[PDB]
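Dock chains S, E and G against the given chain U, drawing on the hints supplied.
Take a look at the letters that make up each chain.
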Amino acid sequence: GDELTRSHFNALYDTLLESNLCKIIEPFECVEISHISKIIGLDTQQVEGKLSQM
Amino acid sequence: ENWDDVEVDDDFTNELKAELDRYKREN
Amino acid sequence: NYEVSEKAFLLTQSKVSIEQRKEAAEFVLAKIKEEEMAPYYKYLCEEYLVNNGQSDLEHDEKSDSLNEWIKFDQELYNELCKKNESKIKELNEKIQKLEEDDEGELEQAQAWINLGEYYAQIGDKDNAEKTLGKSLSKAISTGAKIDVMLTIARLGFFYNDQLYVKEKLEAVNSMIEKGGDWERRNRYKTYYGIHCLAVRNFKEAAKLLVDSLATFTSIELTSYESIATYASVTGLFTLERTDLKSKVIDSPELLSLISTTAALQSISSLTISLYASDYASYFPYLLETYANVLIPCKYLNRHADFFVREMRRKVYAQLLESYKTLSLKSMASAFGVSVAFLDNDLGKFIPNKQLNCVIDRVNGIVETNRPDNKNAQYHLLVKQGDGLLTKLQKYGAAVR
Amino acid sequence: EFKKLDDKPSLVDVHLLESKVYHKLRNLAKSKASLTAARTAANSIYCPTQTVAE
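Protein chains in written order, with the authors' numbering: chain U, 327 to 380; chain S, 62 to 88; chain E, 23 to 422; chain G, 164 to 217.
Treat the hints as calculated values from the structure; they're not laboratory data.
There's no promise every hint is true.
[Said to hold, decoys possible] Computed list of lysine to any residue pairs in SDA-like fashion (alpha-carbon distance at most 25 Å, straight line): (1) E/336 x S/73; (2) E/351 x U/370; (3) E/320 x S/71; (4) E/375 x S/62; (5) U/376 x E/348; (6) E/29 x S/71; (7) E/346 x U/354; (8) G/195 x E/265; (9) U/376 x E/297.
[Claimed, not checked] Estimated spans, in silico, between C-beta atoms of each pair: (10) E/235 x G/170: 51 to 61 Å; (11) U/338 x S/66: 33 to 43 Å; (12) E/136 x U/337: 56 to 66 Å; (13) E/107 x G/176: 27 to 37 Å; (14) E/416 x S/69: 33 to 43 Å; (15) S/72 x E/323: 48 to 58 Å; (16) U/329 x E/202: 49 to 59 Å; (17) G/183 x E/81: 54 to 64 Å; (18) G/186 x U/342: 25 to 35 Å; (19) U/348 x G/170: 30 to 40 Å; (20) G/216 x E/136: 50 to 60 Å; (21) G/170 x E/53: 40 to 50 Å.
[Stated by the list, open to error] Pulled from the structure, derived: some chain U residues nowhere near chain E, Cβ distances all over 12 Å: (22) 327; (23) 348; (24) 374.
Backbone N, C-alpha and C define an ideal beta-carbon position, used for all residues, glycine too.
One chain only, chain U, in its complex shape:
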C-alpha cells in the first residue's frame, strides 16, 4: 500500500540478490544456468532477467 516502501522493496530485492549473485561469481564462471537458479532459488527466467539488467 505504500509507494515509498515498495520503492525500497525492490532496492532490497536487488540488494539481497546481489549478495546471492556474488556467491556464484566468487568461484570460476562458465557453469550451467540450470544450476544457477537452484543456488539462488528463483526461476530461470527470473534470474536471467534481473542479472542481465545489472
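Just chains S, E and G now, with coordinates in the frame of chain U:
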C-alpha cells in the same frame, strides 16, 4: 552515408507491424 | 503564429481520423479573423498536394479536401483590406508625423518595431523587415535587438524556412552578445536545434535541446507543450542508454512534462521497457509514439521512418550486450514479431556496419559479436593513418 | 500574494503541501527548495506541533 538517406526501405511502415499485435494472442 | 501552423499541419497527412483535421480547423478559423493568415493560408495548398492541396478558389480552382474551411470567401477578401488600412495605414501616418516633427530617437525606433508586429498580423514579411531595418541602426540594447530576431524567428515557424532564419540568428548574437535569461538564450539555442531536424544532423540537433530548460514558452513563436515534445522525444533518439538513466528517465523537469500532458507517452513507456528489459510490450509503444506524437508534430515529420527504425536497431543492441548468444523462440516469437519480419529487421542492420552479431538457422542461435582485443586499435587506428595522410599532403603538394 | 500580504505563518502550510506535490512528481529540485523555504521561515513564523514535526 551508405544505404541510408534516399534509398530508405519502402517497408516496415504500417501493415507489417499491424499484424504483429495479433501474433501475441495466437501463441 | 505557430499555433496556426501547428494545427493546420494536420491538414497535410492524416492516416487515422479526419476529426483530427476538423478539430484543428477550429483554431485556423478562429485565429484568421484576429490576424490575417493569408500568406500561410494560401501556402496550405501550395505546400503539399494530393491531399488538401487541390482545393483553392483563388490560384487554381479545384476541390479535393477532407476539410472545406480552407477555401476563400467574400469575408476574408474584405477583411484583407480592412486589416491593411487599420493596422498599418492608420498607424503609419502617426509615425510619419513623428519623423516630420523630430521627436526623440529611440522612441521613433520602437515605433517601427511596434508597427512591424502588425505586418506579421497581416502576414507581410517584406515590410516587416523593412520597418526593423530603419530601427536596426538605432538599436543599442537587447530591447531592440531581440525584437528583430522575433520576426526572423517567425520566418521559420510561420513561413517554414530552415535556411534564412538560422543564418540571421548567428549574426545578431555576434553583434551584441549578452543572453539575458535562459529563454533569451534558448532562442539562440533551442531554435538552432529545430532547424537541424530538417537537414537531419542527428546529435547536432539534440546538443542544445537537452541542456534547454522545460519552462521555455514563446507563445506566438512556440508553446509550452511544443518545446516539451521536441526536447523530450528528440533526446531519446540521441542519448544512448548510459545517458538515458541520469537524464531522461530521471529529471526534475522532463518528468513534469509527461505528467502534466499525458499525450506524450515517450520518455515513460519507452524508457521503462528498456530499463526493465521487457521488449514484448515495448514494440506497441512505438506506434503510439509514432502516430500520436511524431506524425502530428511539425518538425518531427522530416525524418519519418528514421525514428522507429533507429530504435528497432538499438532495442536488440541492448540485448546483445547482456548475453553472448540468443535464442530464436525468445526473439522471433516471444517478442511479438515473426521469423520473416525479424530477419528483415536485422537483415539490413549488419551490412550498414552499425552493429555486429551472428544469426543461425538450424540451431536458431543469435550470437553477439564482440570486439575483444580489437576495439579502436584495429580499424580506427589503421583508418587514422590514411585519414591524416590525405589532409596532410593536400596543402603541401601545392606549395605556394 | 502569500508573502507577507495576508498571513505570515500560512507559508509553511502551503510549502508543506507544495513539497508533497513535487514528491509524487519525482522532482527533487523544487521539493528540497519548498521545504528549505519552510524550514528557514521556522525561525521567523511559527507552526503547531503537527506541522513542525511533519
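Regarding residue 107 of chain E and residue 176 of chain G, is the given constraint of 27 to 37 Å on their beta-carbon distance met?
56 Å, violated
Between the alpha carbons of residue 346 of chain E and residue 354 of chain U, is the straight-line distance 25 Å or under?
Between residue 346 of chain E and residue 354 of chain U the Cα gap is close to 17 Å, so the pair holds against 25 Å.
Claimed clearance of chain E by residue 348 of chain U, with the beta carbon kept past 12 Å:
18 Å, holds
Beta-carbon spacing of residue 329 of chain U to residue 202 of chain E - inside the hinted bounds 49 to 59 Å or not:
40 Å, violated
Could you check the hint for me, namely that residue 235 of chain E and residue 170 of chain G are 51 to 61 Å apart, CB to CB?
32 Å, violated
CB of residue 170 of chain G to CB of residue 53 of chain E, is that within 40 to 50 Å?
42 Å, holds
Distance rule for residue 327 of chain U, whose beta carbon must clear each one in chain E by more than 12 Å:
22 Å, holds
Mind checking the alpha carbons of residue 375 of chain E and residue 62 of chain S for me, to see if they're no more than 25 Å apart?
Roughly 11 Å between the alpha carbons, so the hint for residue 375 of chain E and residue 62 of chain S holds.
Next pair to validate is residue 195 of chain G with residue 265 of chain E; report whether the Cα-Cα distance is within 25 Å.
24 Å, holds
State, for the Cβ atoms of residue 72 of chain S and residue 323 of chain E, whether the hinted interval 48 to 58 Å holds or is violated.
19 Å, violated
Given the hint that residue 320 of chain E pairs with residue 71 of chain S, test it: the Cα-Cα distance must not exceed 25 Å.
22 Å, holds
Starting from the range 33 to 43 Å, see whether the pair residue 338 of chain U and residue 66 of chain S falls in it by beta-carbon distance.
The hint (33 to 43 Å, Cβ to Cβ) is violated, given that residue 338 of chain U and residue 66 of chain S are roughly 50 Å apart.
Of the numbered hints listed earlier, those contradicted by the structure are 6, 10, 11, 13, 15, 16, 19 and 24.
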